[PDB]
Amino acid sequence: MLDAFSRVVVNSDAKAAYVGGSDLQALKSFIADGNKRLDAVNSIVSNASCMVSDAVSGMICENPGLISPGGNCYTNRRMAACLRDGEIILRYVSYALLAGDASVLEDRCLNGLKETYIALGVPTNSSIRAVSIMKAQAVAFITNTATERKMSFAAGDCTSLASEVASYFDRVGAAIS
Amino acid sequence: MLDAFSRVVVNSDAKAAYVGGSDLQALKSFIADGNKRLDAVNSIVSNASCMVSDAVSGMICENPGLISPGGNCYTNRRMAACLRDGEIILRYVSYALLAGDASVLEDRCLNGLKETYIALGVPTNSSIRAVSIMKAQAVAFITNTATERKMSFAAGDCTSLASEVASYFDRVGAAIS
Amino acid sequence: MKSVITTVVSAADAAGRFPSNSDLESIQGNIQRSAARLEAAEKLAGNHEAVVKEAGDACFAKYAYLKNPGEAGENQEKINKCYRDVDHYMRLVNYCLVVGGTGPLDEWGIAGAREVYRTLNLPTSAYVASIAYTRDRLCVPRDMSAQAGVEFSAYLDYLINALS
Amino acid sequence: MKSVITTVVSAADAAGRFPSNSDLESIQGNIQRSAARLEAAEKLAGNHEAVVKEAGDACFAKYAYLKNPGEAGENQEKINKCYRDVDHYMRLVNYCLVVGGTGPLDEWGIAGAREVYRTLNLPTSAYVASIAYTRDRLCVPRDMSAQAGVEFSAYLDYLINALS
Amino acid sequence: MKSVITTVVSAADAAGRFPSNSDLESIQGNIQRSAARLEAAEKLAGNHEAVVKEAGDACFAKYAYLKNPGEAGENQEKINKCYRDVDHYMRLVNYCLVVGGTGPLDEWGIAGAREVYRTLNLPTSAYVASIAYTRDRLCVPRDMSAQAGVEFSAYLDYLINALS
Amino acid sequence: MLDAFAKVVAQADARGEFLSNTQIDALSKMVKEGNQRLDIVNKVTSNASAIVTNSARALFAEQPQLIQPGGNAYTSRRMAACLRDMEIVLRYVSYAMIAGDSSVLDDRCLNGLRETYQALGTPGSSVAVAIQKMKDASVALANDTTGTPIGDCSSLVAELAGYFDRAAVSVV
Amino acid sequence: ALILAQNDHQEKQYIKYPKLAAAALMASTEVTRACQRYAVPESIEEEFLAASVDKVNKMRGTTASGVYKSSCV
Amino acid sequence: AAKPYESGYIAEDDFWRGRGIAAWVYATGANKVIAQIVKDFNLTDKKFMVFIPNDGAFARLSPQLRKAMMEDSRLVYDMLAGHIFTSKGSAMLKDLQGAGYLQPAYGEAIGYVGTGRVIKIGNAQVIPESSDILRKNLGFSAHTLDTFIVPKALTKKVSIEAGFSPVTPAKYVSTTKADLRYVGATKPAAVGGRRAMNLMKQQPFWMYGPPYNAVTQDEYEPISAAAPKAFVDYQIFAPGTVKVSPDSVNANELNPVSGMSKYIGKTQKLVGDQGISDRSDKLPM
Ligand SMILES: *CC[C@H]1/C(=C/c2[nH]c(/C=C3N=C(/C=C4\NC(=O)C(CC)=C4C)C(C)=C\3CCC(=O)O)c(CCC(=O)O)c2C)NC(=O)[C@@H]1C
Ligand SMILES: *[C@@H](C)[C@H]1/C(=C/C2=NC(=C\c3[nH]c(C[C@H]4NC(=O)C(C=C)=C4C)c(C)c3CCC(=O)O)/C(CCC(=O)O)=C2C)NC(=O)[C@@H]1C
Ligand SMILES: *[C@@H](C)[C@H]1/C(=C/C2=NC(=C\c3[nH]c(C[C@H]4NC(=O)C(C=C)=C4C)c(C)c3CCC(=O)O)/C(CCC(=O)O)=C2C)NC(=O)[C@@H]1C
Ligand SMILES: *[C@@H](C)[C@H]1/C(=C/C2=NC(=C\c3[nH]c(C[C@H]4NC(=O)C(C=C)=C4C)c(C)c3CCC(=O)O)/C(CCC(=O)O)=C2C)NC(=O)[C@@H]1C
Ligand SMILES: *[C@@H](C)[C@H]1/C(=C/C2=NC(=C\c3[nH]c(C[C@H]4NC(=O)C(C=C)=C4C)c(C)c3CCC(=O)O)/C(CCC(=O)O)=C2C)NC(=O)[C@@H]1C
Ligand SMILES: *[C@H](C)[C@H]1/C(=C/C2=NC(=C\c3[nH]c(C[C@H]4NC(=O)C(C=C)=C4C)c(C)c3CCC(=O)O)/C(CCC(=O)O)=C2C)NC(=O)[C@@H]1C
Ligand SMILES: *[C@H](C)[C@H]1/C(=C/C2=NC(=C\c3[nH]c(C[C@H]4NC(=O)C(C=C)=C4C)c(C)c3CCC(=O)O)/C(CCC(=O)O)=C2C)NC(=O)[C@@H]1C
Ligand SMILES: *[C@H](C)[C@H]1/C(=C/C2=NC(=C\c3[nH]c(C[C@H]4NC(=O)C(C=C)=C4C)c(C)c3CCC(=O)O)/C(CCC(=O)O)=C2C)NC(=O)[C@@H]1C
Ligand SMILES: *[C@H](C)[C@H]1/C(=C/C2=NC(=C\c3[nH]c(C[C@H]4NC(=O)C(C=C)=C4C)c(C)c3CCC(=O)O)/C(CCC(=O)O)=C2C)NC(=O)[C@@H]1C
Ligand SMILES: *[C@H](C)[C@H]1/C(=C/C2=NC(=C\c3[nH]c(C[C@H]4NC(=O)C(C=C)=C4C)c(C)c3CCC(=O)O)/C(CCC(=O)O)=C2C)NC(=O)[C@@H]1C
Ligand SMILES: C=CC1=C(C)[C@@H](Cc2[nH]c(/C=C3N=C(/C=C4\NC(=O)[C@H](C)[C@H]4CC)C(C)=C\3CCC(=O)O)c(CCC(=O)O)c2C)NC1=O
Ligand SMILES: C=CC1=C(C)[C@@H](Cc2[nH]c(/C=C3N=C(/C=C4\NC(=O)[C@H](C)[C@H]4CC)C(C)=C\3CCC(=O)O)c(CCC(=O)O)c2C)NC1=O
Ligand SMILES: C=CC1=C(C)[C@@H](Cc2[nH]c(/C=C3N=C(/C=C4\NC(=O)[C@H](C)[C@H]4CC)C(C)=C\3CCC(=O)O)c(CCC(=O)O)c2C)NC1=O
Ligand SMILES: C=CC1=C(C)[C@@H](Cc2[nH]c(/C=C3N=C(/C=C4\NC(=O)[C@H](C)[C@H]4CC)C(C)=C\3CCC(=O)O)c(CCC(=O)O)c2C)NC1=O
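Protein chains in written order, with the working numbering: chain A, 1 to 177; chain B, 178 to 354; chain C, 355 to 518; chain D, 519 to 682; chain E, 683 to 846; chain F, 847 to 1018; chain G, 1019 to 1091; chain H, 1092 to 1376.
In case anyone wonders, no lab produced these hints; they're calculated from the structure. One thing to keep in mind: the hints can contain errors.
Straight-line Cα separation of at most 25 Å, SDA-like style, residue types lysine to any residue; simulated pairs [said to hold, decoys possible]:
id, chain 1, residue 1, chain 2, residue 2
1, H, 1268, A, 110
2, H, 1123, H, 1104
3, C, 435, H, 1364
4, H, 1158, H, 1138
5, B, 192, F, 859
6, H, 1292, H, 1371
7, F, 875, B, 327
8, D, 561, B, 331
9, G, 1037, A, 16
10, A, 28, B, 212
11, D, 520, D, 632
12, F, 853, B, 212
13, G, 1030, A, 16
14, E, 760, E, 692
15, D, 520, G, 1025
16, E, 760, H, 1188
Whenever a hint applies, use it, and build me the whole structure from the sequences.
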């Protein structure tokens, strides 16, 4: 898998290039905001267990057919496994935010998911809503606008990280559509 | 006369506050970047004779009416005093660079320098240009961009020290104006 | 302030010269010594309300006569001004470890103090007994390190020798 | 791609955990150490042709049998490939100074490198005779800073220990 | 005799105060910076006979008109006093390294020099031009260590600004 | 008075020079901020009464001797003149924010303010506490979103904080 | 298979082709003899300790209710 | 301009590519300019001398000088023409002794001084460690400088007061917990409620007592004026269901020899906490 530094050395290797003083100008800016990136991964894993049950339970209360007899979240065996994979999904996104590169979200998790949810029978139009609610939460925790828990950071701005995590939660929306 | 550490002490004494926590980190940074400051003050006082003569000569070459009868730098008594008016101004700027605060430059030099130069009749436009030439010489020796000398240093960046000493020279032009 | 920077600048200003090679050699001593004396200044700035109040009643544990009529610890205002005046002195020692010299203690605490503590009849051996208690309370590995306690106590008995 | 990041997110994936405080602390060291290798990287990326030619003719100066017939460097077109490979390794060492680990050197330079040079009769000690020339050639404040000289010449003798 | 010790003892005497903690800190910088200049002075000691010979030829090369009849370098006897007068300046900077400041230059070499040279009709630019040569043939990792060259250059420019 | 565009022109007329190509590219960045500067001046002006009054309310909680008989804000004429001065300083700090240059701030408010408070006996260490309380009420009002698009304004709030520190050192 | 791959190519070979990632696990235990069928326990407690873990390994040869799966047969 | 190792290192723009002195020549397009300077002044036949500044001398160009070269192409023509000298032919470094002059390819006379191994070309200085190489093909001689030769006639309109003076912008170091508190004090007190007193701060402990009498933030709240006529009887309850804990059981911990006590009297407001409170928990009512 790759991170933000192994991504610029697979693009320069394609042209048999060295990395200049101008290819480095984004990497010295990557480690300049490096403290702000750790300070935003830690804002998500600290609310991680609450974020999932926040999200799967919203998926049920919008579409109550998921819990009807013969539904997908019917038994306790099946509802427990939906809360597992809503937590596997959020686990891999924070790997991508920590590395700054979707190479681990899109190869260890998403490589094979769309045909797998076809084989089991997971509805897709509801499992977009699970990842869509977790996208609304994770930009509120990063931008510190969650309505029921603030955290304590140094003052500044994290709109760049708030959209990179929005850019990662919809690859998941695209790789099962 | 205050140094860098005693500037945050007279700021804490105004509100009965101890110095610790948030303010000690900006002073621990002063110690960590402190080898650069001695290595940059040495670069200016090693060339302090050629800097002053080239600044008063370059002030004269652009404005050659100063050495006419009626010009301020006419005779030998006036030229030797103008060569010494600038040798003191460079001396107090190198004190403020060593201290890290502009209080020794404002207390002992700039407070009263304006009404010094209106009693003698010194042209303030010509004296600002002589300071401006010294500013370009001080940034060139700090950043090693001097076209006539190549000083030895360790490798690194000292842009914050050059932008610091440039702000001391602009206080000279704002005072006597 | 009397410091390391302001000493070598004033010495080279009265002589009328540029910062020499021996004036830069003194600021290097300010670098190698700053690690110890900023540890003491941070340990003091976090726990100052407990250090001041522990030393404020070490005055009255030695001198119980100050609650007698006419003395300096009669009423509630006079002990509020007494715990203040000890907290003033501990703030100035925090300022002296930061600057690096006896600057803030000289100009703000010591100069003029003999003429005030005699006019207002405050016993100067009781502005000392609180300072001398803090100097012997310090455990050299427990609160700070070895050289941080050398710097902390050396500014603590400069104040004692200036009141005596 | 053996990085600092890819290690702590692979161990955190074998066990099914989130990122934790040991993982974020590891990426903190990818900020202090990063400056001393990102300027060894640009120092090699600017002056790479002069060190590929200085090391390229150091293979042949020690082993002058290499330009005999039947050997590996008998004609100019084999010499043009030999000077190409020394350029191929310095481009990989420049990559490891950017990603922080030994990612690109292992994935692209050493993986499978041992059985090809045996098959194509390439004497592999001539490869390490140029990298060991590049190692002992560096001057300590002239070329780069002293922390870049230990970071650039750490990836060299990792490659020297790999090839021999 | 300006040193680091002499500057703080004279400043403690000017205010009538004891050696404070701001004064012992300046002696600490004399301890750290000592190993830099004390081996530059060891380098200047055993190799002064060739440094002044190299610097002596570097002023008659620039000013070849000194060997004219009627100038300061007519015969061998006036030539011998110039290699002598540049060996004195190399001894006085050997003193400034072991003292720690610009003391021995300010007393015996600089004070009184610009009226001796004006009266005796000696051009100060040629006493300059041999000092600026040994500043220029000094490259920092060969002739001495990296920090000894900073001190050795710091006194030669102090001598140059005094004559000029 | 003269703003930040007129500041570099006056520095260039006194040298008799055309502006450089580098200097035009540095004035394009000052127009590129443009709308973010006008958001700070909008937020500070729109809450101007509440910034002055609630930071006077917090000054008299920490220094309650100013409103005791014999204090410097005890009477109606002496209290109303104190709120009037705190609104004067907030006015000329917003004037200096829209201009990018602290020239109207000192030529029309600050020059002669220390001389005025020394002839009247007004405590200058208490005026600077009221200035520093309007500062952090306004630099906390600057970097909240509240109907602004999301972005980085941390370079323009360091400029607004520097105008409050300038007004505070010209009276202390 | 992701936590024994030496290469980044070998990682991609296991993600895309699932019948290779299966037999890459199985072939490693045959040559580096870490199967049950090659392990002789060196003590009587180890023969209890090995028996304690495969009672759980045989416990996934049955369903959630205790009826037999098709796997262990 | 392709493979430096190709055709060995005997080509003319592959020899200097593989000598590590000046890789700035082929990095920009200064290689193409000095091959057209040598054509315009007919130097292909006569032996001459070049002075090439090394890598490191390109890096110590000034920021205001480098922008003069990025926008006037005649200035970089005249500067590079001043490094080629046709005076004494293919000279070595032993013929630069003494003080004299040299004539460039285009520019005016440029004076030199040479004293032993220290040779200055005027504004620059020859690095003698590498510097006595001569070429027989295209015949000329090369020496290495440490600074660009740049005459004073060409820098008469570079300046540091045009936009090249260095600046570093100051920052503000606030926190999220501090700015979420102070923004409630910008609403009016008819709207903000208890949040109108959110600008006040924590003072030292002695500031709350008898000469100074500073008000805490709890006293602006309605919890400080709670005095109901009703009361709990405490004999209604079963025995065992009323609990009482002290703060200490020690007499000089509850009240010292001085009157400074946290527990007994009027001196329990002299404490380093409790000047400020949390009225941002509930609402603006
Ligand atoms: C809370 C404020 C502090 C304070 C203020 C205070 N100021 C005054 C009186 C004057 N202030 C000025 C200054 C200006 N007037 C202007 O029009 C301008 C705009 C260019 C400025 C800068 C002047 C001229 C006066 C005197 C005239 C008057 O307004 O009555 C006073 C009244 C003093 C008196 O004796 O009446 C106060 C109380 N004082 C404090 O205690 C606060 C710390
Ligand atoms: C955007 C997500 C937030 C915000 C983020 C900022 N954080 C800033 C600084 C910061 N964060 C941390 C903790 C972090 N660093 C680590 O090394 C580890 C663990 C290993 C963690 C969790 C630190 C140490 C810092 C540095 C400041 C300090 O000294 O405490 C920061 C300042 C910019 C910068 O430091 O580069 C910002 C803007 N702030 C916000 O307001 C949003 C909500
Ligand atoms: C002293 C000899 C130093 C040295 C000083 C530097 N001077 C620098 C720039 C500069 N010099 C002059 C004066 C010169 N120009 C003229 O037109 C005339 C005559 C009328 C003279 C004497 C001017 C005007 C300037 C420019 C000032 C500005 O930018 O406004 C300078 C900067 C760069 C450099 O030259 O490397 C330095 C360091 N230079 C030396 O080599 C010795 C050590
Ligand atoms: C407790 C240790 C003493 C005691 C002390 C009192 N000290 C009193 C007043 C006082 N203290 C100072 C010096 C102090 N003020 C400063 O600004 C600074 C440095 C920044 C320092 C060290 C001064 C100038 C004053 C007089 C002004 C004032 O009222 O605060 C004091 C008040 C005297 C009085 O009430 O008349 C007391 C009672 N009392 C004791 O019982 C032991 C001796
Ligand atoms: C640094 C600029 C160059 C470099 C120069 C060379 N110097 C050479 C010989 C040499 N240099 C000196 C003066 C210098 N060395 C000292 O020990 C002292 C004083 C303590 C000084 C000022 C002397 C006395 C000598 C002769 C003794 C010797 O070192 O062999 C030299 C050899 C050729 C020559 O000049 O005869 C060179 C090349 N060397 C470098 O590597 C950098 C680039
Ligand atoms: C929950 C929000 C969904 C939903 C999920 C269900 N998943 C079921 C089985 C299942 N889920 C996964 C996903 C997951 N496991 C992984 O290892 C990875 C990637 C590394 C992912 C994304 C897998 C592989 C499986 C099958 C294997 C197993 O269950 O262990 C499941 C049970 C189906 C059943 O029992 O018949 C459910 C209900 N269903 C929903 O309705 C929402 C949208
Ligand atoms: C070293 C001599 C002994 C030792 C002594 C104890 N000290 C105890 C408490 C204590 N000590 C101090 C002073 C010190 N700590 C600071 O933070 C500062 C200055 C910033 C100084 C000078 C304080 C303030 C306190 C009270 C707070 C606390 O530590 O609980 C102590 C506990 C009993 C007591 O309350 O005094 C002891 C036994 N401790 C040791 O282990 C070595 C042998
Ligand atoms: C020069 C110091 C050597 C030498 C080298 C020769 N190498 C030959 C072929 C060759 N080399 C490699 C490894 C190289 N290619 C890469 O892509 C990378 C890294 C990304 C490296 C290190 C390969 C794969 C090959 C075969 C393909 C090819 O020819 O490019 C070679 C020709 C051998 C032949 O024709 O059979 C030579 C002569 N030879 C020497 O004498 C010294 C030891
Ligand atoms: C910084 C302290 C703020 C912040 C500011 C931003 N505002 C942005 C755009 C914008 N602002 C306005 C309002 C302004 N322009 C006017 O003409 C007037 C009144 C006459 C006002 C008050 C407008 C109209 C625009 C639109 C222009 C545009 O979209 O470019 C803006 C740009 C968004 C971006 O590029 O990301 C920023 C950053 N935003 C913040 O988050 C802090 C709190
Ligand atoms: C008693 C039967 C309850 C109980 C009550 C507590 N209330 C506390 C504070 C509080 N109560 C109110 C509501 C009150 N104020 C009004 O204006 C009106 C109606 C117009 C009502 C009913 C408010 C607004 C507040 C907060 C304001 C303040 O604190 O002054 C309180 C103090 C809690 C604390 O601060 O720790 C208590 C204990 N608590 C109980 O256990 C029973 C159920
Ligand atoms: C019918 C059932 C039903 C739900 C369960 C929720 C589910 C839900 N939560 C959020 C939105 C959110 N959900 C959370 C999650 C949490 N908030 C916290 O403070 C905790 C850490 C964690 C609860 C455990 C967060 C942080 C947001 C963003 C806004 C905020 O709360 O500050 C959203 C999007 C916007 C919104 O409506 O709020 C939805 C649909 N909504 C519903 O209609
Ligand atoms: C001990 C007392 C003392 C001196 C004798 C002088 C000499 C000196 N300069 C530097 C060291 C340095 N000096 C500079 C300064 C510069 N480098 C540049 O590239 C710019 C041209 C210039 C001004 C920005 C830099 C960047 C360092 C590296 C160390 C650091 O960044 O702090 C060091 C530290 C190197 C080391 O640790 O050994 C010393 C001792 N300064 C001192 O403090
Ligand atoms: C201990 C400290 C100490 C010094 C620093 C020197 C300083 C010094 N030099 C000279 C003296 C001199 N300096 C020179 C020098 C020169 N003439 C030339 O041709 C060149 C211009 C230049 C070569 C460097 C000459 C020739 C004399 C002798 C003057 C004379 O003979 O008239 C004299 C006069 C006494 C004498 O030596 O005759 C003194 C005091 N002497 C000291 O005792
Ligand atoms: C990646 C980093 C990197 C480098 C270090 C240099 C490597 C390097 N050094 C020299 C050139 C040199 N290098 C040295 C330095 C030394 N000689 C010694 O014996 C000592 C160990 C050391 C002194 C500290 C010297 C003295 C020369 C000049 C002599 C020569 O050219 O061999 C040259 C040829 C000319 C030149 O380019 O300067 C090159 C390519 N290039 C690079 O790209």
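Review point. Given the hint that residue 760 (chain E) pairs with residue 692 (chain E), does the C-alpha gap stay at or below 25 Å?
Key: Violated, at about 42 Å.
Practice item. For the pair we were handed, residue 435 (chain C) and residue 1364 (chain H), check the Cα-Cα distance against 25 Å. Key: OK: residue 435 (chain C) and residue 1364 (chain H) at ~19 Å, within 25 Å.
Review point. When you check the alpha-carbon spacing of residue 875 (chain F) and residue 327 (chain B), does it fall within 25 Å?
Key: violated, 34 Å
Review point. Between residue 520 (chain D) and residue 632 (chain D), is the straight-line Cα distance small enough, at 25 Å or below?
Key: holds, 20 Å
Exercise for review: With a cut-off of 25 Å on the C-alpha distance, tell me whether residue 1037 (chain G) and residue 16 (chain A) pass.
Suggested key: Given that 25 Å is the threshold and the Cα spacing comes to 35 Å, the pair is violated.
Point to revise | 25 Å limit on alpha-carbon distance, applied to hinted pair residue 760 (chain E) and residue 1188 (chain H) | key: holds, 23 Å
Review point. Is residue 1030 (chain G) within 25 Å of residue 16 (chain A), Cα to Cα?
Key: Given pair residue 1030 (chain G), residue 16 (chain A) holds - Cα atoms ~23 Å apart, limit 25 Å.
Check your understanding: Does the structure keep residue 1268 (chain H) and residue 110 (chain A) at a Cα separation of 25 Å or less?
Key -> violated, 39 Å
Review point. Keeping to a limit of 25 Å between CA atoms, is the pair of residue 520 (chain D) and residue 1025 (chain G) held or broken?
Key: This hinted pair holds, its Cα atoms lying about 10 Å apart.
Exercise for review: Below or equal to 25 Å on CA atoms is what counts here, so check residue 1158 (chain H) against residue 1138 (chain H).
Suggested key: violated, 34 Å
Review point. Is the hinted pair residue 192 (chain B) and residue 859 (chain F) satisfied, with a Cα-Cα distance of at most 25 Å?
Key: Not satisfied, since the Cα-Cα distance of roughly 44 Å exceeds 25 Å.
Review point. Would the pair residue 1292 (chain H) and residue 1371 (chain H) pass a check requiring their Cα atoms to be no farther apart than 25 Å?
Key: holds, 15 Å
In this structure, the earlier hints numbered 1, 4, 5, 7, 9, 12 and 14 are contradicted, and the remaining ones agree with it.
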